[PDB]
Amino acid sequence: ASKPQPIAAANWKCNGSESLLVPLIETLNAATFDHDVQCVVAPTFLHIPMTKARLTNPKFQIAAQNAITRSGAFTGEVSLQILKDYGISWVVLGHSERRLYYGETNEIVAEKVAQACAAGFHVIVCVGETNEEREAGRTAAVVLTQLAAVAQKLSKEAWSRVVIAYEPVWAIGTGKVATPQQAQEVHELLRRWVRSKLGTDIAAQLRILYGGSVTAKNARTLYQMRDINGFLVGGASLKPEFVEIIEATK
């Protein structure tokens, strides 16, 4: 029925410096919103400590940009347990960049999401087709296969901590945002699939966010679509306009 609580998530990706983030964080702290909205900021692992120490806005949660399922002999990686111990309860998993550059198959992503949910994390699970896949008319087949791989490892209860982020690969950092119709069409497909497998309530309460060239200028029109519950913001999240994007979820 009515839309669940919206989410405005910032993916700073592999960017940042203390001198840059300090002022940015202060802007976030001074920002107020008159509607219920879950704001999220995902710094690089290296910047999580300074962010957690400085960010005070209660409507904000800190998320890691990735994580592996187990602590151990995995040089260079950061596990969910390590993040949990540090007080981080949100995490982005399966980002297109990780599926494409760092060998994250649908199954690997699913294992990550499964362990994250079991660990009590709110997970922003990313899905999305490439330009070639959309041109070949494989969009639905692709995103449903990505989502299905994850769902198969989750229990019914786990969905209360699951968030889906649809980011068409052709819309990431290209300045070519999906039209409201294009986004709505996929969000519908995703939610309808979830409903067929998990029921009315879970499908209705599920937040499905759009990501890919989202800006303060195109955010409002996108958010008004019936099946869009917020955004995963890349480039514009490291700018002051990110506050306007949040306001766009009112």
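Residue numbers count along the first chain shown, from 1. Rigid core (definition): largest C-alpha set, two forms, superposition within 1.5 Å. Compared with the form deposited in another entry:
- Of the candidates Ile108, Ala149, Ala118, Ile172, the Cα that moves 2 angstroms or more after core superposition between these two forms belongs to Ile172 alone.
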Contents of the next structure:
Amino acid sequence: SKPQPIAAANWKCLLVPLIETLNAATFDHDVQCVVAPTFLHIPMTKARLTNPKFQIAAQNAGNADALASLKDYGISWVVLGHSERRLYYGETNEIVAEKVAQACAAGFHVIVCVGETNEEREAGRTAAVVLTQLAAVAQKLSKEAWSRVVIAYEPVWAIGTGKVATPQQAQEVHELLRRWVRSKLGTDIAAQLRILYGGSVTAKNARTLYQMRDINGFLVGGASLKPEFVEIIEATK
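Take the protein just shown as the form deposited in one PDB entry and give its structure as the form deposited in another entry.
The text that comes after this line covers the one chain and nothing more.
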């Protein structure tokens, strides 16, 4: 069977109505929901979000001390490895991996993003790119650390322009990620590992994406600022 799904909203972006909907929405299946606001918006989200299915996540892991204080503030999830950060803010594979290891060491659940650009895809380098990103991470983690790790695949190649990823192009990557994990860490860690889809997710396509075997949920961009995020969570049933 699949592990527990996650529906994560990455609010990297007046949020009140959105939280209002999340608060009123009732989900009846096991799904961990996660909202990841910017740091300046964490207090306002924490002030208003009441749905007990939701954890609030930070978008960065600064220092062991910074993690400890986050954690004290009630935040124990973080999202790392965002492609924008990787490509344009000098977040090498090792830098992301060290952050994940620190966050893991602080007792956080961590959603680490992997993904290849359109140039890397077109060069047949999809596997090499995402598995190297993932290997950098794995090199720093304990066996037990993996229970609190979640992978998100961001098809950066699709963000750009003129490519829309199909469910099957999503599944191919997720399957490859999970096969590498099974190889390096065993069938145990592999089967329990959430791998979230971090490409274009909407009410329209969430259900079909969730049907793919190695898709355990979503790291949602745009669709997660609108009431439609509720339908995306329901699509994890």
